[PDB]
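Turn these sequences into a full structure, and let the hints steer you where they fit.
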Amino acid sequence: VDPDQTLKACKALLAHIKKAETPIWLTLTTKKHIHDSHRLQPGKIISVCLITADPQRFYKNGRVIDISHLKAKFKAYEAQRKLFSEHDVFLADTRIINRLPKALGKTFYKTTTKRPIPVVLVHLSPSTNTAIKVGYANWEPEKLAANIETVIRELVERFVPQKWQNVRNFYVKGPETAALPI
Amino acid sequence: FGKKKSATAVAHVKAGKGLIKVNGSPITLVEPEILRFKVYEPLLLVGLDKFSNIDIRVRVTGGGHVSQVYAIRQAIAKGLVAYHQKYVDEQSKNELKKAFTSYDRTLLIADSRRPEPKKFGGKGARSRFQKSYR
Amino acid sequence: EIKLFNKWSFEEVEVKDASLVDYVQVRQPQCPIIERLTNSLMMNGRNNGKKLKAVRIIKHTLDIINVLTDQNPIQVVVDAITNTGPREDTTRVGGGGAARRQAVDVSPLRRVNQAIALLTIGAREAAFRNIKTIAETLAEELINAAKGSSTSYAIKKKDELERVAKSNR
RNA sequence: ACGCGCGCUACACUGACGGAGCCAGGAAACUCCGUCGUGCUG
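Residue numbers (our numbering), protein chains in the order written: chain A, 1 to 182; chain B, 1 to 134; chain C, 1 to 169.
By construction, these hints were calculated from the structure, which means they are not laboratory data.
Some hints here could point you the wrong way.
In the SDA-like style, the derived pairs of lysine to any residue whose C-alpha atoms are separated by at most 20 Å in a straight line are [stated by the list, open to error]:
1. C/53 x C/121
2. C/53 x B/36
3. B/3 x C/2
4. C/7 x B/97
5. C/51 x B/130
6. B/86 x B/102
Quick look at the structure:
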């Protein structure tokens, strides 16, 4: 929450990690918000593939994944896994989103935060919490905190009705390391 | 108007111009090609009386590939000769016809074949599984 | 069903020794005229279990098998299964034990057929030239059955069957 | 330890392999374009 407190969080997290450069994840749980309403947050506050049909597909022609292929890919995990590894971001026609999560979501979601961005990020989904990648082991503690702040800013703005008050608990953690509560 | 061995092609008839579109395309394409003729060979087949005409074209769809191809086939000349007199020939439409079927099998009506039938056996149909009790 | 045309359309209406022509584009005695042979050359090609590509096969085998020293392609194909049939082989005996086998015709449609799926076979059995041109083996071998119509050179058993049904006769 | 039977998929160049085309009662076999080089290779 406060800068000093987060700095400690980050510092402690680095020290604890023990046993490749790990990455730092920030996790926050929310309270007293109904996930049913459009309380859910999906936002881009914290190689490209395009999934879509004509127009969108035309502009892309970037790798293009056509509407027809979506079911086929859901069926063959082997190819889908490869596609996910190859590209950093995915953009998808918004209407297509139901189908893509049904078929693709298991591979794309999980951790490899690959879920596509709709076109005519922090993604809560129906669940109360959020996990976001804030930075690397390489970067300074100060930078990690700054990044965390940008993430926090989005929440503050959304439930402007309560703001940060909603955050039940915040934690930081390295890939390998254990989570530490702010 | 003509279906082919589990497939089926529909006929469009009312005088117009060039570009006769099959499905929603152009009997230039029709890309399950190789034997992409035998389609452009009904129109070509018009080689017996006419040269192309100046009329219409409709869409097909049923079963699978070569099925459809063979369907769109009759589809065409089974619709040049269309009654007539607004389609076929306002008189003696045996013009084409008997000509567009003195070497035909598509417009030459359809084939009495059609998938079905198996057997309490192996694969079924007739090929009954391979057993050799001792 | 279900081939094409053009591609040369060199229709040699002669070349048909012995009988044959009275069934050069036939089948009956049991089809009718199962498109002028080349509908069976192309068909005897479905030895994996499905035509088309088979169709290609034929076609390629053709443009190839004519490009290379053209004899009107189709007439190489006719003149292929032409001077390239069996002619009175033997067939069991029963008159012994322990048979022996006597010989004779060769019911035309035979001669055509029994040489058709045959030239077809010799082709299929690549292994020389074990290249990658199915239509080549299919051609050359059929070409080595047009040029080969000058000994031997691919058929062979062609003779054998006959150059054998003489002694044990 | 091993025997007998119904099979499944393979020995591959009509192939395997990636992109792509379509359509049955995003089916697959399949068509095209390209990569592999008949070597227990892919």
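Can the restraint linking residue 53 of chain C and residue 121 of chain C be considered satisfied, given a maximum Cα separation of 20 Å?
-> 17 Å, holds
Is the Cα-Cα distance between residue 7 of chain C and residue 97 of chain B 20 Å or less?
-> 27 Å, violated
Is the Cα-Cα distance between residue 3 of chain B and residue 2 of chain C 20 Å or less?
-> 17 Å, holds
Measure nothing beyond the straight line between the CA atoms of residue 53 of chain C and residue 36 of chain B; if it is 20 Å or shorter, mark the hint as holding.
-> Within the cut-off at roughly 13 Å; holds.
Assess, step by step, whether the Cα of residue 51 of chain C is no farther than 20 Å from the Cα of residue 130 of chain B, and give holds or violated.
-> 26 Å, violated
Taking only the CA atoms, is the gap from residue 86 of chain B to residue 102 of chain B under or equal to 20 Å?
-> Answer violated: residue 86 of chain B to residue 102 of chain B is near 24 Å, above 20 Å.
Violated hints, in rising order: 4, 5 and 6; the structure is consistent with all others.
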